[PDB]
Amino acid sequence: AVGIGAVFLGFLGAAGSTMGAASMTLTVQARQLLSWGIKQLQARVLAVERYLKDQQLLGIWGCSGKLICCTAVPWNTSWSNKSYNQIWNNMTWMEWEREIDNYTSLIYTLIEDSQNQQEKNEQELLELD
Amino acid sequence: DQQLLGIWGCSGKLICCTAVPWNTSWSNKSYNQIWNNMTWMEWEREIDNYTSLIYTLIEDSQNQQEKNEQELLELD
Amino acid sequence: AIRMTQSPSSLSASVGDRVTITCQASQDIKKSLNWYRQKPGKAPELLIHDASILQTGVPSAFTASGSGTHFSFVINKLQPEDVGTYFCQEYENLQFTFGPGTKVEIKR
Amino acid sequence: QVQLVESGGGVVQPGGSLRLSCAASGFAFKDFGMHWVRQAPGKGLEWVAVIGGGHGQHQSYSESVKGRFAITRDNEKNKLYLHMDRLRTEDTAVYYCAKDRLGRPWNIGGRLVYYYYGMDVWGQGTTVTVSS
Amino acid sequence: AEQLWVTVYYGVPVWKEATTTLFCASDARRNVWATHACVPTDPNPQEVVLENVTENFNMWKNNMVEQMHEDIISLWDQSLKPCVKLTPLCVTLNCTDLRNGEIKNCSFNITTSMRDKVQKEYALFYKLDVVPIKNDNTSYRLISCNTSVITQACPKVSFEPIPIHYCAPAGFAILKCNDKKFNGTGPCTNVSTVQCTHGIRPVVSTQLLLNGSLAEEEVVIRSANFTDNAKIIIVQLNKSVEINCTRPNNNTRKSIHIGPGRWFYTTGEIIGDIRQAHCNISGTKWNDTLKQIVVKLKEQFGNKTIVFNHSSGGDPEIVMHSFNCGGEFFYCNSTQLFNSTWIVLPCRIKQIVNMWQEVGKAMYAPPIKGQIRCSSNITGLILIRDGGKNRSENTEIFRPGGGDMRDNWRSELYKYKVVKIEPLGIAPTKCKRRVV
Ligand SMILES: *[C@@H]1O[C@H](CO)[C@@H](O[C@@H]2O[C@H](CO)[C@@H](O[C@@H]3O[C@H](CO[C@H]4O[C@H](CO)[C@@H](O)[C@H](O)[C@@H]4O)[C@@H](O)[C@H](O[C@H]4O[C@H](CO)[C@@H](O)[C@H](O)[C@@H]4O[C@H]4O[C@H](CO)[C@@H](O)[C@H](O)[C@@H]4O)[C@@H]3O)[C@H](O)[C@H]2NC(C)=O)[C@H](O)[C@H]1NC(C)=O
Ligand SMILES: *[C@@H]1O[C@H](CO)[C@@H](O[C@@H]2O[C@H](CO)[C@@H](O[C@@H]3O[C@H](CO[C@H]4O[C@H](CO)[C@@H](O)[C@H](O)[C@@H]4O)[C@@H](O)[C@H](O[C@H]4O[C@H](CO)[C@@H](O)[C@H](O)[C@@H]4O)[C@@H]3O)[C@H](O)[C@H]2NC(C)=O)[C@H](O)[C@H]1NC(C)=O
Ligand SMILES: *[C@@H]1O[C@H](CO)[C@@H](O[C@@H]2O[C@H](CO)[C@@H](O[C@@H]3O[C@H](CO[C@H]4O[C@H](CO)[C@@H](O)[C@H](O)[C@@H]4O)[C@@H](O)[C@H](O[C@H]4O[C@H](CO)[C@@H](O)[C@H](O)[C@@H]4O)[C@@H]3O)[C@H](O)[C@H]2NC(C)=O)[C@H](O)[C@H]1NC(C)=O
Ligand SMILES: *[C@@H]1O[C@H](CO)[C@@H](O[C@@H]2O[C@H](CO)[C@@H](O)[C@H](O)[C@H]2NC(C)=O)[C@H](O)[C@H]1NC(C)=O
Ligand SMILES: *[C@@H]1O[C@H](CO)[C@@H](O)[C@H](O)[C@H]1NC(C)=O
Ligand SMILES: *[C@@H]1O[C@H](CO)[C@@H](O)[C@H](O)[C@H]1NC(C)=O
Ligand SMILES: *[C@@H]1O[C@H](CO)[C@@H](O)[C@H](O)[C@H]1NC(C)=O
Ligand SMILES: *[C@@H]1O[C@H](CO)[C@@H](O)[C@H](O)[C@H]1NC(C)=O
Ligand SMILES: *[C@@H]1O[C@H](CO)[C@@H](O)[C@H](O)[C@H]1NC(C)=O
Ligand SMILES: *[C@@H]1O[C@H](CO)[C@@H](O)[C@H](O)[C@H]1NC(C)=O
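Here the protein sequences come in this chain order: A, B, C, D and E.
Here the first sequence stands for residues 1 to 129, numbered as in the working numbering.
Here the second sequence stands for residues 130 to 205, numbered as in the working numbering.
Here the third sequence stands for residues 206 to 313, numbered as in the working numbering.
Here the fourth sequence stands for residues 314 to 445, numbered as in the working numbering.
Here the fifth sequence stands for residues 446 to 881, numbered as in the working numbering.
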């Protein structure tokens with residue numbers, strides 16, 4: 001016998017479950033987050049800038065339109081030597097982000113400086129010839 | 130608007146086909162009976178009360194599927 | 206949860222005999238069956254779960270089998286210590302219905 | 314070790330009320346789902362209700378008690394409660410608290426669900442009499 | 446292990462503590478807090494539990510109390526901006542005792558026809574609003590004369606507290622600690638996310654917290670540190686204590702001319718005997734409340750410790766209990782509640798008042814015509830420790846006190862925390878992007 005909730009994750013609750021299980025509701029969480037007068041006016045502009053900031057990076061990385069996209073940057077096991085299953089079936093999003101917090105800027109840089117650079121250079125060369 | 134077009138896999142298009150079937154309960158008119166016989170103002174009114182329903186279906190069913198299956202295909 | 210029935214309501218044997226309890230569902234419950242044993246003054250003791258697996262710490266004095274609608278509880282040897290009421294519980298749906306219970310005792 | 318301390322019983326009149334409290338230790342009370350069952354004198358064991366683990370985001374009641382009883386829990390006190398309201402003489406029974414084999418809020422299908430496989434741990438209950 | 450590659454995810458449910466501005470919301474309908482601009486409330490708000498995740502709450506760091514502090518003061522000043530200055534009414538007053546002395550019957554002679562229609566307009570004044578001139582009769586004048594220009598509050602502005610809600614902006618969320626035993630801080634286990642808070646009325650008072658929330662089935666006592674005499678003790682009551690306040694005097698009021706196109710309201714005659722303001726408090730409810738409080742105090746401060754002596758400490762507005770029943774500010778002697786260590790309060794009324802502290806410009810209440818009646822209940826209170834003493838469990842004189850008005854909102858805000866949600870993150874995967 002199994003008791004069930006209604007439809008899907010309410011809000012953020014999956015943050016403490018494994019990243020594997022949590023991935024199920026990225027569509028939910030993303031939609032919810034993505035979407036006196038002067039103070040609110042300021043807040044609105046800030047919300048837009050935060051919104052567009054993320055969209056800029058997703059655009060550049062070739063990830064726009066996706067909530068899950070594979071890159072072409074290899075994982076340097078110096079960051080973490082855990083296997084695929086040792087991470088995804090054993091660690092939460094809150095825990096994972098902390099584990100590699102100090103590599104965020106490194107990897108983000110690598111995506112753009114190496115892969116994006118390559119994809120744009122080679123793209124033109126392929127279109128030319 | 131851009132958010133929804135992005136999510137639905139429609140960004141960059143002004144015409145995009147989805148993978149949500151038409152429930153003829155909404156309207157039992159054929160393709161030609163709609164497109165060659167009815168205006169945009171008239172059509173939108175006909176199915177005004179299904180807007181939120183269909184929009185929900187696009188995201189909850191198709192978008193959900195496309196993101197889940199995409200990862201699985203990339204993994205294997 | 207599907208109504209369970211047990212038979213006979215009164216089951217007895219001499220010490221050491223092989224004693225079995227019939228239990229059935231009116232509808233297919235596939236496997237969701239626990240067996241409990243109640244002694245006077247004590248809450249029912251779980252002996253077998255998932256229709257066939259002994260609970261940890263329970264000696265191999267009992268077995269059970271069956272699937273679908275027809276199940277049975279087997280007392281390999283009935284000892285005075287095994288006297289009690291055995292219950293057939295279904296937990297397929299969130300009603301966790303108990304069967305009538307069968308009283309097992311020593312003949313005299 | 315594991316021990317359930319089940320009290321709060323006694324004798325009440327029909328139309329009255331009480332609440333039972335089953336204190337427990339020896340296990341992660343906060344995590345496992347729990348059961349309520351009752352046995353009237355001369356009868357077998359009747360299932361009363363179930364509450365899931367964690368914060369108890371799902372319940373089910375027997376049709377014989379729905380609307381008259383409520384289940385709750387306090388994960389810091391490690392106590393399971395039965396609110397026995399508007400009682401009838403038919404509610405005379407010994408009531409037991411029990412732990413399910415699992416009862417956990419699994420994240421599956423994008424939602425939490427509680428998997429139950431039946432009671433396997435309990436105390437000896439307490440007698441509640443409703444009479445006049 | 447597997448060859449791992451970087452994968453980008455979006456919608457990652459992780460967050461960090463952050464401070465921002467919460468939007469007001471209100472059950473939409475010149476009341477100070479009844480701003481014309483405020484978001485209508487959600488008739489069906491949601492709340493979801495996290496359960497896999499706990500969170501560290503600390504009621505002493507909730508910066509939302511600062512937002513309320515400043516915004517509330519701004520709203521006060523804005524509504525009462527086009528109000529009447531008392532500058533030409535600083536004229537000295539020839540006062541005698543009003544026959545029945547807290548009220549003087551005085552005359553003056555100003556403006557004496559400065560392009561207007563004016564006269565001596567004798568009137569009644571309160572002792573607490575004037576300063577004696579010891580070089581005269583003694584005669585009196587406005588206490589504000591040697592400080593600042595103050596205004597008579599606009600008659601068209603109501604001061605009834607409004608239960609304003611506050612909701613999270615985009616990208617942020619409000620977390621709530623649902624642990625019944627939660628005190629000043631800790632890893633609250635039962636944590637939920639709340640779209641928008643309930644309404645909190647901006648009740649302003651000294652020594653006792655009125656018209657607030659109740660404690661979770663027992664008196665709960667909180668502090669930053671029960672050993673630190675520099676901190677205060679916040680007591681949240683199991684059940685409230687009934688108080689009924691009245692101003693028996695049936696007062697009239699008169700508009701006087703103070704200049705061309707300018708009027709001012711003065712206290713007029715009083716109908717019937719002039720009696721004292723007072724509040725009636727149920728000794729049963731009060732004493733039983735104290736019993737529960739003492740039991741909890743014992744947990745920290747000793748099993749035979751003598752507590753709750755008379756009011757003392759601070760200036761008259763701190764030593765007296767303060768509230769604003771009917772728009773008039775009452776300052777009552779709470780000693781009658783604490784006049785017996787381990788009920789009718791005498792009370793006086795003041796009109797020149799300071800909203801928590803005021804510099805320069807200040808507010809003068811207009812006279813209220815008729816009688817004032819209201820009913821409220823004590824839902825919490827603030828205790829202060831008297832200071833150094835013998836370590837032995839003899840005394841700990843938990844006097845009423847507390848003048849930091851910010852605690853009247855912090856006492857409710859302790860339930861909530863605001864965080865910023867970061868949807869962008871990465872994790873390894875099994876394969877390379879199929880790059881051409
Ligand atoms: C972790 O922290 C969470 C968060 O606080 C906490 O869960 C909360 O528990 C309380 C107490 O059980 C819940 O409060 C209940 O809320 C419902 C919701 O009503 C709204 O929604 C329905 C939706 O249909 C609407 O119809 C309705 O109009 C409202 O909009 C209330 O209905 C409940 O009220 C009944 O129960 C009260 C119990 O004291 C009664 O006082 C009240 O009068 C109502 O009684 C009626 O129903 C009873 C049912 O048993 C019946 O016995 C009575 O005779 C009478 O008929 C109640 O206020 C709250 O919703 C929970 N919050 C969440 C998010 O779930 C957890 O308890 C905590 N976990 C742990 C382990 O500590
Ligand atoms: C807070 O977060 C934790 C995260 O750890 C949650 O606990 C776990 O939740 C996951 C799912 O979210 C559960 O995963 C399931 O585990 C099963 C394995 O069971 C065996 O191993 C356990 C080990 O304790 C034994 O107790 C058990 O008896 C078994 O021996 C899997 O079989 C499940 O697989 C399911 O999914 C796949 C998907 O393809 C299906 O194909 C399968 O058929 C099956 O349906 C699943 O992987 C995990 O068991 C939970 N842990 C525990 C101890 O129960 C918390 O529940 C969570 N809390 C809240 C508030 O949600
Ligand atoms: C704690 O909370 C309680 C409850 O909210 C507060 O007590 C109430 O305060 C309000 C303040 O306005 C009182 O309301 C006033 O009542 C007067 C007479 O009451 C009778 O008539 C009204 C008519 O609607 C009935 O609703 C009521 O039940 C009684 O039958 C009215 O005449 C008042 O309106 C007049 O004055 C206002 C002043 O702003 C004008 O704007 C109006 O236009 C009109 O001229 C007003 O409605 C209420 O009576 C109080 N309750 C009791 C029992 O007395 C406490 O004040 C609060 N405590 C703290 C610390 O804030
Ligand atoms: C009640 O307050 C006490 C005292 O602050 C809390 O106990 C402390 O909690 C902090 C939280 O970070 C810990 O660092 C301390 O080690 C705790 N002290 C002790 C001796 O336990 C207590 O957690 C509070 N209770 C609740 C329910 O929040
Ligand atoms: C990984 O699994 C083991 C299994 O015992 C567990 O002890 C450990 O805590 C897990 N790691 C994480 C991140 O929880
Ligand atoms: C469809 O075509 C018929 C042709 O006579 C016409 O009468 C009818 O109005 C048309 N429908 C619409 C939407 O105009
Ligand atoms: C007040 O009035 C009396 C009336 O006799 C007068 O004697 C006295 O001087 C007056 N005081 C002032 C302040 O003028
Ligand atoms: C809190 O108030 C309730 C009201 O019924 C009472 O039953 C309870 O005993 C009180 N708590 C304490 C600690 O006395
Ligand atoms: C306190 O007073 C308010 C005034 O409306 C009332 O609603 C509430 O029930 C009172 N609290 C108690 C404990 O009586
Ligand atoms: C005050 O006294 C006057 C005298 O005429 C009366 O008309 C009025 O109603 C009284 N007001 C109150 C509030 O008692």
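Hints listed in this document are in silico derivations from the structure and should not be mistaken for laboratory results.
Among the hints, erroneous ones may be present.
As the list claims (entries may be wrong) - In silico negatives: residues of chain A with every beta carbon more than 10 Å from chain C:
no.: 1; residue: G3
no.: 2; residue: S35
no.: 3; residue: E49
no.: 4; residue: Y51
no.: 5; residue: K53
no.: 6; residue: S105
no.: 7; residue: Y108
no.: 8; residue: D113
no.: 9; residue: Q117
no.: 10; residue: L125
Unchecked claim - Computed list of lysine-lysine pairs in PhoX-like fashion (alpha-carbon distance at most 20 Å, straight line):
no.: 11; chain 1: D; residue 1: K392; chain 2: E; residue 2: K626
no.: 12; chain 1: C; residue 1: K282; chain 2: C; residue 2: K236
no.: 13; chain 1: A; residue 1: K66; chain 2: E; residue 2: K626
no.: 14; chain 1: B; residue 1: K142; chain 2: A; residue 2: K66
Just so you know, even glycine gets a beta-carbon here, dropped at the ideal spot from N, CA and C.
Comparing the hints with the structure gives:
no. : hint               : result
1   : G3                 : 6 Å, violated
2   : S35                : 37 Å, holds
3   : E49                : 49 Å, holds
4   : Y51                : 43 Å, holds
5   : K53                : 47 Å, holds
6   : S105               : 50 Å, holds
7   : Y108               : 48 Å, holds
8   : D113               : 56 Å, holds
9   : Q117               : 57 Å, holds
10  : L125               : 62 Å, holds
11  : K392/D with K626/E : 15 Å, holds
12  : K282/C with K236/C : 25 Å, violated
13  : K66/A with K626/E  : 44 Å, violated
14  : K142/B with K66/A  : 16 Å, holds
In this structure, the hints that do not hold are numbers 1, 12, 13, in rising order.
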